[PDB]
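Shown next as structure tokens: one chain only, the form solved without the partner chain.
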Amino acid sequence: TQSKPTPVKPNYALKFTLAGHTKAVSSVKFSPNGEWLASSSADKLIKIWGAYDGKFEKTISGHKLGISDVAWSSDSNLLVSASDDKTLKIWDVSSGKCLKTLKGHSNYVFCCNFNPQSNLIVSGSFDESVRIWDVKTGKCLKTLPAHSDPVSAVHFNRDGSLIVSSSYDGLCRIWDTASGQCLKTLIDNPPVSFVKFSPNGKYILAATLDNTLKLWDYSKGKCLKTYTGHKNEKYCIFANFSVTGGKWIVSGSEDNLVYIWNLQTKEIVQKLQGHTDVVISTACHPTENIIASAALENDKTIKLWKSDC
């Protein structure tokens, strides 16, 4: 009498629009505890918003130029941001203040993430390097000469033992965190604009600037699934796994829509309309069927969408 729900499609609908940034939004992320959404922007600001109701909570300031990415610690108490001012900053969310400024990159910092233990941060920069930083001291532990063009994404796996990086040089590389040495290079060679590890730890989801998302088994070098129909030839647009309800892949797009695909069949199951510029970033809530999306400078808003499945 116990049955398994299996949705053909979700029904995400617009619930709230979050206004307040004054330039393009660059990233949105839900806190691990589900309570908050953080956004970053070219306007040099981080904003915090209620994850369930969209209500503005606070602004966090101090970078001297625009910000490309922001990421939460596992306990939801810290943020790290990556800026054009060549630094990362670690923030105490409660106080709103900067704890540490991570100095060492020689050009814009584009991407960042804590490891799950949250004692480390990983960054990637226009300077073509990946850096690994100690949270407690705020100092650089390792500099990896990772790529030969800007680094577009960095992500740790679930125990922090591996980092995956992507670059406009066309490569995805897997690094051993403890030693900094490369375990594998995945290779046409179109620019890779986003990558992250999959929920089961075995795959990487990679976006390339040829309008294509691919799910790769990184150990076998085999592409398992491919998702198309969206537009992505210019911007580094995040992609997500939606793990709370039906199994979906989510991404923004240069045609101003959020795209959602069936993980297994690869068919588009919904397109979310409402933004008025490129949707550069999307995020999926960790426990509820909620999506956040954010757009470039003609729009400058974040939208929260909710589904029943």
The other form holds:
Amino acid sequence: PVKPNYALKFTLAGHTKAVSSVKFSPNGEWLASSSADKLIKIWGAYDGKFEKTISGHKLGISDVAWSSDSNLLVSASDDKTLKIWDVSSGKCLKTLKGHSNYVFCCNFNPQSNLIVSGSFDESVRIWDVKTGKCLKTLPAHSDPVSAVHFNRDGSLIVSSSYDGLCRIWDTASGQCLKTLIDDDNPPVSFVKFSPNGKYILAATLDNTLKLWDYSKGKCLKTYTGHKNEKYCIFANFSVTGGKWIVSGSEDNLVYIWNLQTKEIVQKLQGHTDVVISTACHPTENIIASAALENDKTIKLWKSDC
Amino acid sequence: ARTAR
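Form solved without the partner chain already given; the form solved in complex with the partner chain follows:
Below is the entire complex, every chain and molecule, led by the chain shown above.
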């Protein structure tokens, strides 16, 4: 409607250090969280009930992502590796080795035969899920890579970096197809394609989110009012109800904007530290949010629209 | 990590 009405339903406690990332499983049943405590935890998406802990990394984890069938997770760690996990058994199926520094971000493609990763070593790597081998190393950026994401059919990858650039890569060739540059190039702390693949949402460390038309190469919308100068905060498109943009903020709030008019429609209060990560449920109007060291909780919020 | 304060 005019505005959603997200209200706190559950607070999920259990990580002993900052939460780095939260993601809903594509089937809607689960939430996964990753933490600086080196753990992944699985929670019920609808009741917030703790399910299990998945362990194995030697250092903190910056990101987690689900496979399309909701059976696998990939995690990205400061230990310079990714791990692929069988969620039900908890087994580490593969350890993806090859980055020379912290691995910061990760995602499966829609077919889930590939994983993309970005690292502090300034490269983007494409991996084969079955063999666990690296297929390509792209010399993508001249500073740490902050996010990597496949488009809807897996043909393209978007990457962002502290070097101020967003780049679009051909998955099969590894060719850089596009570099997005605005009037200015502050660090880019997050990027993802819109669900329809026509747009890219990019966060920058000047308290600003930008919606780019991908093939026309131009910034169409801008979202402000939040605080984001230090951390790589996730952002989302919310599509189950009203069309929103959702993001954490360094003032401890979750911000929801009307995608089209660009106005703040709600600010969610409850966290006691930086909201680093938000996720939108695939079928219900539910948002998960997660905070840094002084808070350590995950919250599940639900709206009537 | 992403959380590094």
